[PDB]
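As you look at this complex, bear in mind that one protein chain is not there, while each of the others sits in place.
Lettered A, B and C in written order, each chain numbered from 1.
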Amino acid sequence: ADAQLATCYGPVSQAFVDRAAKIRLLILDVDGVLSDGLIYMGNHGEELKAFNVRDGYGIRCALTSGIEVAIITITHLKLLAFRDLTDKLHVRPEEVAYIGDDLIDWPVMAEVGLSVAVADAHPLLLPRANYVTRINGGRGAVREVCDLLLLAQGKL
Amino acid sequence: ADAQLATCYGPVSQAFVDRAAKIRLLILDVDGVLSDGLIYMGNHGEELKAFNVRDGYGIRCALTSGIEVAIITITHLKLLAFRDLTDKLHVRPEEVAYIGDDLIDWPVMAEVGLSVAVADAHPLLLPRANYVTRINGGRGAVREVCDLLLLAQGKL
Amino acid sequence: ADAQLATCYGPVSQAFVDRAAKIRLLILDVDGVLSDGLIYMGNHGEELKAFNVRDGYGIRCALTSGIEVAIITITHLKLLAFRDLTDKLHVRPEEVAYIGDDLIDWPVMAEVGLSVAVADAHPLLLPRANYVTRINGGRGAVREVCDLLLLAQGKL
Partner (left out) sequence: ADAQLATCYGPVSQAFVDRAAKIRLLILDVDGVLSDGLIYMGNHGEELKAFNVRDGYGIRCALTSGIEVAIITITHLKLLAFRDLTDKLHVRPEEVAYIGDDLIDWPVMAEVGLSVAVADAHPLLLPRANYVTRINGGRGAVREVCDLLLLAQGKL
């Protein structure tokens, strides 16, 4: 049924594997998923964010492996924004994965075939996602999902 | 009496719940509560701080839920500064919450209905606060309090 | 003899207390003691460091409590640099504390009455110091020492 398949990130269920093997669009939040969740503001009007290098490679593998990559506000940049893309790309909801970190992402993660919460996501989001990563946001959590998707699709 | 009520952050006492259910003004330090406690100084005269994105949403929920938000030196920006606001807003001390991280905040946290110390606050502050968060400063500790206040007030 | 005295940072020996109660000059490295040990370099020629706000208050308490504060390269800014100050301030070596993080600090920490290694100092430095802090560098380790010195001197 839905027992454990070993990965280098720890075991996953067959349910998760059957979910990830249908995925063709990966939707990613910025703050708390690709970034540490911090915005580095300065007195001189600066605003910085920190993104992880291992993530950008994970995104490139997925992109060249046939997984589109969208950054909810190169790749393609609430409830309705998700619907505009899936129609614009003609992708079915079962075929979408979503990585978020805040409770304000739940209405979209409720429609996607594979909802993902980063390890240090908002506590109220963790029981809702199909999968909770082992890596924190901005620390390679997106790479973790990217690797698991390619594994589930026999591409890695 | 004052037994445990489960939350997604861990249990809290009924005492804490009875405290948080009266709160209408949340007072927040900057350094070590909304920031990592670090100031990023550069050779070219820059000074930066890092604030957490999950916190800003927690502040917005509280603000739209009827909790004012003040940043001890949009929102409203020692012992006397606290008294000027509470008079200016006509709020009673029992109805104020305070999140700090340093021992130099104790005289104000001693007057408020709900004193809060962040998880990694100064060690000498932790035994004094009504509540110690589970999240570090600049990592979502303010969001933790914001969520607990809305829960205690039946707004979440 | 030299048994344990409880502090809010954990126990210390009477030896440490008898050491800290003679201290009138605290010497502090920058990198890895007041900073996270990181230098934030940018393409546009920037160089940044991150210092902790709880540390600056610890330094101010010590300064107003009668402990001078020197930053080995407001306060007063290898083996010989230490000797120039102690002569210039007429302070005796038994009366000096030193917080470092790297093995290149050992010849000076060998002469001071109270040698201190931060919790995440270079592994080869930890067995050498009179005291190892509980807080990492750039995370309040200097505040920890500052508080312990004032306690040992009955000023806190």
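We take it that a contact is a pair of C-beta atoms (placed from the backbone, for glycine too) under 8 Å apart; a residue touches a chain by one contact, two chains touch by 3 or more.
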Report task. Could you list, sorted by label, every displayed chain in contact with the chain left out? Result -> A, C
Report task. Give the residue, chosen from C:68, C:101 or C:147, that touches the chain omitted from the document. Result -> C:101
Query raised in the report: Which of these, C:2, C:18, C:46 or C:94, touches the one chain of the complex that we don't see?
Result: C:46
Query - Which of C:24, C:54 or C:122 contacts the chain that the document leaves out - result: C:122
Query raised in the report: Which of these touches the unseen chain: A:53, A:74 or A:79?
Result: A:53
**Report entry** Residue in contact with the excluded chain [from C:5, C:15, C:38 or C:110]
**Finding:** C:38
Query raised in the report: Residues of chain C in contact with the chain that isn't shown?
Result: 31-32, 35, 37-44, 46, 48, 101-102, 104, 122-124, 126-127
Query raised in the report: Which parts of chain A are in contact with the chain that was left out?
Result: 8-9, 36, 40, 45-54, 57, 138-140, 143, 147
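Here, only the chains that are shown with their structure count from here on.
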Report summary line: Cα centroid separation, chain A vs chain B, in Å, comes to 31
Query raised in the report: Rounded to the nearest whole Å, what is the centre-to-centre distance of chain A and chain C, using the mean of the C-alpha atoms as each centre?
Result: 44
